[PDB]
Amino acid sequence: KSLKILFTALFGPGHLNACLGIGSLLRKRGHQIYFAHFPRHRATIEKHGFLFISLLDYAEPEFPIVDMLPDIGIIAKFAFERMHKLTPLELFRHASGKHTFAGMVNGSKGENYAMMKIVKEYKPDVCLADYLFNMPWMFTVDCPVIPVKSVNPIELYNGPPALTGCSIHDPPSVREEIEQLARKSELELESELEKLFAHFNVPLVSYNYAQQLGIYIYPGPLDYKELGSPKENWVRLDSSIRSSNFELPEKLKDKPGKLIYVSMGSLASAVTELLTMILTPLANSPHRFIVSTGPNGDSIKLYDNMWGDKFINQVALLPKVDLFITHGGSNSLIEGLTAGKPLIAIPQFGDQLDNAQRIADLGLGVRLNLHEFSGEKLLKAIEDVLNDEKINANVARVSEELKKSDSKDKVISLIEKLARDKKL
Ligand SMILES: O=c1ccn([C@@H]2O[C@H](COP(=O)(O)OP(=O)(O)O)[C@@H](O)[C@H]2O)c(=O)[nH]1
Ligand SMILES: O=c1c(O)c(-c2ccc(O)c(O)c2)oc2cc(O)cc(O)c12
């Protein structure tokens, strides 16, 4: 029996891209996939064979729906300026118990109204949604809803607080304070969600509760097995890659060195100062760089050893590079490791700090922090990682694991079962 499956996600292309991958698996099984998201992604969604639904067409008049990607960058400038000078601890101190994505909770009412209307009209058998936190509609619509998580999944475990970037090597005395601050700001997230749920008259749940089934996308070899098991009803999908041939810019043909990809993500690349800071020293690195220059890419200066465009084909490119300098977004991490490339992660915000530290902790690359950044340090990191026989072997081992994953079969079966039975 072929199902009607409805997806949605946050604005961020990181979240959209994770769901595209799951959607593709379900489409292959014979299901009709709908995806409710913003008009800028209609092409990718429809190219995947999914029916596009504009959340903008379902908005209530008193509660409009910004697609925030254009507004982000204005926000991200402030974030960059703080972390570039403050240590993570000082950042948490300066935050004064303000949570990372709490300010986003209030603004989510409009998207909630839209989803209630969409689900009522389209009457799917099941929904999947990739958000930073649970939303009231997920508990009021008349079908099972599965949260999809693509951020670092330490939040699903009972060990160190998420978003702090703690290392397995940090001793008790060092984490005590950052863990107090993290726990304090978690209370702000709860109080913000209380207001949102109260608005819609829905009983409050944990921000990462999965009623029946939740799917987190993270490579099994990097998952937090040393913390036991994730929260109830959460199941791991080892990767989610949406899924062709790529040709190398002639600029970089017959230049010396390895090929290195630089991308600071979809969100953070908006901030031109960040890329400028990073690329400046790389002019003197004896290698060839392909750069994702972001929305404001045209005014970024590139050197003789660099070719860039606003938006690059990351999945096509990665097999052809030797190293990936990344902000440490989850998707980028999964794509880089699938391709078997080592990582230099320069975390900017949120879960990236957790991913960056996990890369370091498991010998898959190095973390560099903004606050102590130097061109000397970066160039050395490049040479070190390129010639570190241990890191490359670890990456090759994880790369092999990721390719042979059969997590998809189990997860699909669960999705199908839940849709049909309405329970378990
Ligand atoms: O030039 C670019 C920049 C980004 N991406 C894609 O954008 C997503 C970025 O997600 P991630 O979690 O790594 O970063 P974030 O979006 O959270 O900044 C991934 O699917 C990348 O493949 C891409 O295809 N080309
Ligand atoms: O505080 C905010 C925040 O943390 C994030 C965020 C964090 C991590 C992510 O991975 C992500 O996609 C978004 O977005 C925002 C977007 C806004 O318009 C306003 C905000 O205040 C935030």
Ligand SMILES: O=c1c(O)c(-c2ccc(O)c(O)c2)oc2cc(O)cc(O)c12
Second form
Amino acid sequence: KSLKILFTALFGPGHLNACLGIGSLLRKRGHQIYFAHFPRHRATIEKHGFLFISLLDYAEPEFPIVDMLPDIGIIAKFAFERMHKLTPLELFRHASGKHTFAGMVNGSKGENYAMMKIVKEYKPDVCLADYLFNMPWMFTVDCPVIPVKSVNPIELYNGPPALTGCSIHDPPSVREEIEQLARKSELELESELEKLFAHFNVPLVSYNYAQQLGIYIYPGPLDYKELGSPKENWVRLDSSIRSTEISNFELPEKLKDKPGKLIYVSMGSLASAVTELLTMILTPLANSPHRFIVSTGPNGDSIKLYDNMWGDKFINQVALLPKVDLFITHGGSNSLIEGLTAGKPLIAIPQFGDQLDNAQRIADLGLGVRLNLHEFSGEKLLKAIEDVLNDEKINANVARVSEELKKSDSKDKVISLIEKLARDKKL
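For comparison with the form deposited with 3,5,7,3',4'-pentahydroxyflavone bound, provide the form deposited without 3,5,7,3',4'-pentahydroxyflavone.
Just the single chain follows, nothing else.
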């Protein structure tokens, strides 16, 4: 029998895209998928075969939601400016106890009221949600709720703090200070969540507690097994995709008479809006003896492309990846999953938050290299390209991860868990 399954997520693209992927798996099993989100994303939600519900239509009168949503361009632009100038340690020092995302908590009241109302009216059999932190509605509504995590999952472990980008190789003296500061700023997240939960009269829980079941999307071969097991009830989905080798993608004519390998460059939609970022990256690449495909982003028309480069604002990344030799990425989890599923090595240039942890994971596991904005040079980037392209160890590690991701039956397992919880109200 076919279930009513309700998804929601934060406004941002990582969170929306993680739910779309799981929803596609469930739709294939015959379930009716609803997605409560924002009207800007209706088209993609409906194109995926889901039923769109606007969060904004279920708002309490005092909390219309849109008023408190964050200024995403302001944040990204500020993030770039700091990452360009400051080391991660300096970043955490300059932050002065202010957490990466605790500032978003206060403004999330409206989305909470809206979800309480949606769940009550639509009466799904189960809900899934991709947020940065737990919300009170997840503990008040009258159905099981599954948090979905797409960010780097180190936060699920009793280990080094998330968001620092610390390496497994950093000795005590190197990591001590940034890890103290990261833990100090986490106290602001907790204090902010206290107020939100108090407002809704719900007992406070950890920001990533899963009451019955949580799903984190991350490849098994990169997962933090050296930290033991993730927190109670969290289960790994290795990916929501299967490996595809046949593609519609064709080489742009512009690149036909140009030497070298084929390299894909994408900083993701948020970071790419800061045109200075792509300009800094691409300028030196005019002299790299290779062919580049560039995702130029929302402000793509003002990005200068050289003779060895072809760009478009809308690249189909999964169609392209099987045909390239290297992926220069911001380190978002979905991009990493897509790159490794296609068996391609990575150069990660992290921009914000958990991407630092992903970038360092790539380096630590020999799947590519991390390059940091704060010490960026054309010389360094060009060398990183030559090194990764010709490193037979890196290319073999990536081939091994790609092969394991095929072998996954984590999809079957996770689907079965979702369906069991929906039907039985318990696992």
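Between two forms, the rigid core is defined as the largest C-alpha subset superposing within 1.5 Å. Numbering follows the first chain given and starts at 1.
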Listed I382, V395, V366, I65; moving between these two forms by 2 Å or more at the CA after core fit is just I65
Relative to the superposed core, what is the Cα shift for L275 between these two forms, in Å? 0.6
After superposing on the rigid core, how much does the Cα of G110 shift between these two forms, in Å? 1.4
